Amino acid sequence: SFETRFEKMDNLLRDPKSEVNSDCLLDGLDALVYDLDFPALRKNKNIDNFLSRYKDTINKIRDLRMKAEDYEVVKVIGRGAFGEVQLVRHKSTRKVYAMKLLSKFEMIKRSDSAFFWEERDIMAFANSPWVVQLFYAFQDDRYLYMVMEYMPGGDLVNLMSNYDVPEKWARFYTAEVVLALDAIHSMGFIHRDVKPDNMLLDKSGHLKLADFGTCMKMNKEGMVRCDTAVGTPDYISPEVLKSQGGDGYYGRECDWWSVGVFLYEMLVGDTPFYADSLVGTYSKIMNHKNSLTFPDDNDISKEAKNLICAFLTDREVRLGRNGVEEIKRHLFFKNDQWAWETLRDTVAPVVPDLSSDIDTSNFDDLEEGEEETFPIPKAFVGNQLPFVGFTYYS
């Protein structure tokens, strides 16, 4: 039908979740100009006639649509594998944001050019207080940019380093992670990277997850198949650690292992499977039945020890294997202060004392090293193609 055709056709161009969205279609024309404008390629009569027709307008569009120049970089608050997070202020609106830039070169070289898609969807369409919001997503020939919600309270690895965390506080932050992970599992995702570095605090001192670059969409049975181990050497689970070609089948239970590791470091001060060599950690995780030992001097309760050991076991005997309510039911979470249904509405243990909209007291100082860039191509390579459709505004 003619009428039904243009109803669906126009639906595909305004939809923010659509692959062929208005802002995603421009990314194609933009990447094409980036990848074709070279002397060797310009020798082609077809490539030359395209560039002479679209280079003029594509430059005007480059100035109009969101660019890195529109943002005033205040301070580098974080640093990752493929980039760094900066505290930015938009030059026109004067709004304060946290911007994460991802190196397109480091992504092409290391063949890791697909991890950002799930993170882009989760942050933009989560609609949960447990997830750091993504306001704008843009790009250029060199980087991918993610203009997100700024967390003035800082990361949790900054909290345990600056405070001697008691059990009362540990009870709160663990319960927040449990509720936050359940929200991610509700969207049908396994985080595969639960660590205090990814847990960030807002202006009120409440927890919300931030790095969703290790997330995977769960199947109808709540499982996932992976030929590659992903996470952090200390927080990684034994079933997801040995995950290789053939034997790489696991559910959401691997995310509960990382909660136990987190609670241990929160109370003991060190990770449970820490070793001076990275291979030593690997062997300790697989031998958790004999490797997991608590220090002789204890500030920690019997129920906290039970909750750690309930999480730090084999997948088939691990806590949370039969719903999230199984975890909520544990004796360690039984308290007089808060309730599960209204946990984010109660007062946080630490509330950040903020003097200005650009306060970075909770983030420890970092150096602002030279990077590599793509060589000129002798023929079409299309290095900008795996990034087409990343641009988001809504």
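Positions refer to the first chain, counted from 1. Here the rigid core means the biggest group of C-alpha atoms that line up within 1.5 Å when the two forms are laid on top of each other. First, how it differs from the form deposited in another entry.
- With the rigid core aligned between the two forms, only one of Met160, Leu179, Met148, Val230 has a CA shift of 2 Å or more: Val230.
- Once you line up the core between the two forms, the Cα of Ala68 stays within less than 2 Å of where it was.
- Once both forms are overlaid on the rigid core, the distance between the two CA positions of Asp353 between the two forms is under 2 angstroms.
- With the core held fixed, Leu343 shows a CA shift below 2 Å between the two forms.
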Given for the second form:
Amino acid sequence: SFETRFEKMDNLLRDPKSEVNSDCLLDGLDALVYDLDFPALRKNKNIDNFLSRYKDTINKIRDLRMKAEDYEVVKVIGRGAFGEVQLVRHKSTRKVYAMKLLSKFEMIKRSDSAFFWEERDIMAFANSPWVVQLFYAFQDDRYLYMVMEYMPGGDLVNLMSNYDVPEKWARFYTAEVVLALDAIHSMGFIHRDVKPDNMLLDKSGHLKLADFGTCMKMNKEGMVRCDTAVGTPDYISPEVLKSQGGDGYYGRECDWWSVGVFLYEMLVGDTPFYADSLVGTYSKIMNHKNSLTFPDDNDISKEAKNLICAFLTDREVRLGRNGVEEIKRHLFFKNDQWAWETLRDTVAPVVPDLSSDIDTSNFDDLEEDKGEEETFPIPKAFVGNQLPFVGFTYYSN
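The structure above corresponds to the form deposited in one PDB entry; please give the structure of the form deposited in another entry next.
For this one, just the chain is written down, with no partner chains and no other molecules.
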């Protein structure tokens, strides 16, 4: 078991999960150079000499390390207000990826600069067939970049829009979502907004969760307190809505509420609390005991209705509070084609037809930003706008 301090330090340098690995320490240097190199700061001789020593090295370093220029932008497949996601191809290797851009200017300006660490951690390290993998994270003075596996299947909002979804399909996607969420919970995170938008389909048509921006690490009780609120309330549980008003802590069962809403949406065609205003939806959700209604059309399988109602319910009695096994045993999951352990080896309901490795047909097309880069006022003294981003770089090795 014993290791010398020298061995320990050496492990720290090579460990991908370490904040002191080489790539992380390169960040520090790179950031310091960015933030010190202005004519006013250079009147300090300490700073001026430091930068003279290090600027040859720093320019060559910035040249060797991975950079935005290493990738061609094929098309824009998503937009998030801190930036966007682009289909890219690497120049040397020709491999195709999805690349997320995050704007350092906006994050600083809007003073939301800490939110992406969970998403980095999850996608880099989950090592699960249920989670979009992060291959490379890098940065320049303007953006953070995340190079992810491309998911040409597109998302579940698209699929629900192009198809009428039978119970057999719904059972399949629901089950894959149950397993994805359990993987995330097992990593110690609560997702906090689960919804069709966050569910991507791969080449074989099997689901993975993407977009981990709202995830939070559970404490030892398995609880979190939402930091950021979220956007649309449609898939959000009552206890999460209430906690937004300062009330308290919630646990992972908030994610299972969302699955309930999702199931309902696939089967019924609308979300169960839908309303043409935000406040109308918020109200329906709080009033869920009364507001939850099953449709005119059909009596859909009672097992389905039963599962949905088991999810949409106060947290103390909600399905999943006793763990994921009680969910997997629900009669709604009983079927011929697959078992829980073999689920991902099954042939999927919709397998995408793809003309090229570049085919975006499952994504709504977006033009381009074409807007212009804003810059901070020039430092009169050390400001350190790059400091929050030190340690972001990551290379799967």
